[PDB]
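First, one chain by itself in structure tokens, the form deposited in one PDB entry.
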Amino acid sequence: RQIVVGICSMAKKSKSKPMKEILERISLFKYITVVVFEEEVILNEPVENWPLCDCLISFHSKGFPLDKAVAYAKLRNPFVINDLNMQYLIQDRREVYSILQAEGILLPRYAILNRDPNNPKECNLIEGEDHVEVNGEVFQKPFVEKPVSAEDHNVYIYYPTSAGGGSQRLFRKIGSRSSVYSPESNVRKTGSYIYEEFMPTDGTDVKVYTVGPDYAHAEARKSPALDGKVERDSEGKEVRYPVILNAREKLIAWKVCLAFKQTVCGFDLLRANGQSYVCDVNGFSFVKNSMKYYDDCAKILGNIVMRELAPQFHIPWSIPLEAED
């Protein structure tokens, strides 16, 4: 029989153009059949009625019932491409940073400010004009303030008085804008945050996209805080610039992929001061608008499936050479 690869995610992701481009390519494998789980089934049917698969590609995004996906995996015991339990941790920036540190991955110096919502003023925070002290640790402006929830994209950057003060407020892109300047110089007074040193880059973020530990595509984009005006092409896509990862960065990608147990994994690098710092690990993310990435991503995933499952299906399989980017 065919090896079944099940795709289990919210429709917003499962029906995205990149997903469709990759799935049609995975379907080219002679012995693989792709089955995309309907969102209505994911949300409203018990896991016992979800379709069978032999390999499960499943990932959390807003509204996804991760507890059900875990229960399904436990019930059916499929080969899992992106580990589900790690996806609980990926939702919490504190957990993400803790894993990065445990793996010896360079990241910004940071401190966690946990605030009791019932008692917001008695947290370990002291604030001056050009700095904060978080659990006694000092951050001179510029510094970055991130909500502990990784799914909250309201990241603020606080500028020193010498540069005019105020702050840049980042958010999920709204049409042409990715951030806005605020005259507010004082930090947020409710919520829990990570405070971290600002890493000076050349004005770009490096976005990395792994497909297993030995492949990563990288590309760059204008730092969303620089002025908040998104660079768009004639198709309405964000302008992306060429990047080739150096040897250190290829190792970082290997480590992130394995540490988070996410075969398909996006994360962000800040190239600063002659090193590269991870500032965000998002888990499952596909590149938009690279034909070559669709080809490579589909072939690697299909080959991962065959390698793991061909023997139990009695299908002959010889491990082919794969590119690294």
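Residues that one form lacks are left out of the comparison. Numbering follows the first chain given and starts at 1. Heads up, when I say rigid core I mean the largest set of C-alphas that superpose within 1.5 Å between the two forms. Compared with the form deposited in another entry:
Once you line up the core between the two forms, the CA of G236 is the only one from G236, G203, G164, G128 that shifts by 2 Å or more. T190 shows a C-alpha shift below 2 Å between the two forms [criterion: core-superposed Cα displacement of 2 Å].
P117 shows a C-alpha shift of 2 Å or greater between the two forms [criterion: core-superposed Cα displacement of 2 Å].
117 to 123, 233 to 237 make up the set of runs between the two forms where every Cα shifts by 2 Å or more, each run at least three residues long, with the core as reference frame.
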Given for the second form:
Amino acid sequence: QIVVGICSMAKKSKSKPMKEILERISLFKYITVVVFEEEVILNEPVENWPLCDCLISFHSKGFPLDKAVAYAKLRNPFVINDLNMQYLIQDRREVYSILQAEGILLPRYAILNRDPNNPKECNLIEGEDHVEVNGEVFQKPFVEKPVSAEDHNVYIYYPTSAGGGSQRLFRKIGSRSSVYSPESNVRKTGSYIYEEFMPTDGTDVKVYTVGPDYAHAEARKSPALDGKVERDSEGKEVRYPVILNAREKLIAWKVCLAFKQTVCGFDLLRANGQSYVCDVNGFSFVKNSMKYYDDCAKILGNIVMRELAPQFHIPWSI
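Mind pulling up the form deposited in another entry next to the form deposited in one PDB entry we just looked at?
The following holds one chain only.
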């Protein structure tokens, strides 16, 4: 029996989509699924962690990535999502650098690094309708993102001509994903990425891959200009259908390989006849889609079998 180890925080490992997917992987004749207990992950040394032949491990808040890396180095399992890349995914500056290296379209942007050791350094000049970052001008509207990919406090600054002020985005609190603020001045402390605001039709596209050749997309209302979350007549968040075009299917292929995360998600902005990526989230499942659960589990089980059946002298064709 090939053992597939699942290593993440309990919030993730016990989520409905995870359980749905692991149920289906368990249907593979030669695969056994072992889910690492969060108490073991946090409290036990990696030498006591359960063995596996294939590891699916991913960082989220509170997760000890150093320990996951140490475990994989100790046991040498087949790794589905590369662990070292998961440090980089936490830093938006590292993300944009990789996308640029891969020739992936993204908004024009500039990084503002604020060193607390150097108070006499200034690389941002603010005007009424623009900012100058490292000498480069961004006219309003522009977007201001914390360099930490885990900090969802993204602000959008409106031009005088539209009423000024700003939209402050945040991790969804129930009925809301953003709020308007009369504040027109940018944040005075911290490091930020500034980028051009891309006009879309009011929706954001979310793409979810299972390896480079499978990508499911769906859209939702953008929190950019209105912060009210749309809900079903039943009560679920409203999603819109998306089919990726050939250029976008290629983007998905590139993002998956560049960041070395088999199961991963990223965002697309459809603007000016093109598609821009400027958020890469790593390990992500689609929720509430039985077809996705079916396909995801099949792809993952097939990947495991293809890689490992030879070692275990298990019959497996193509």
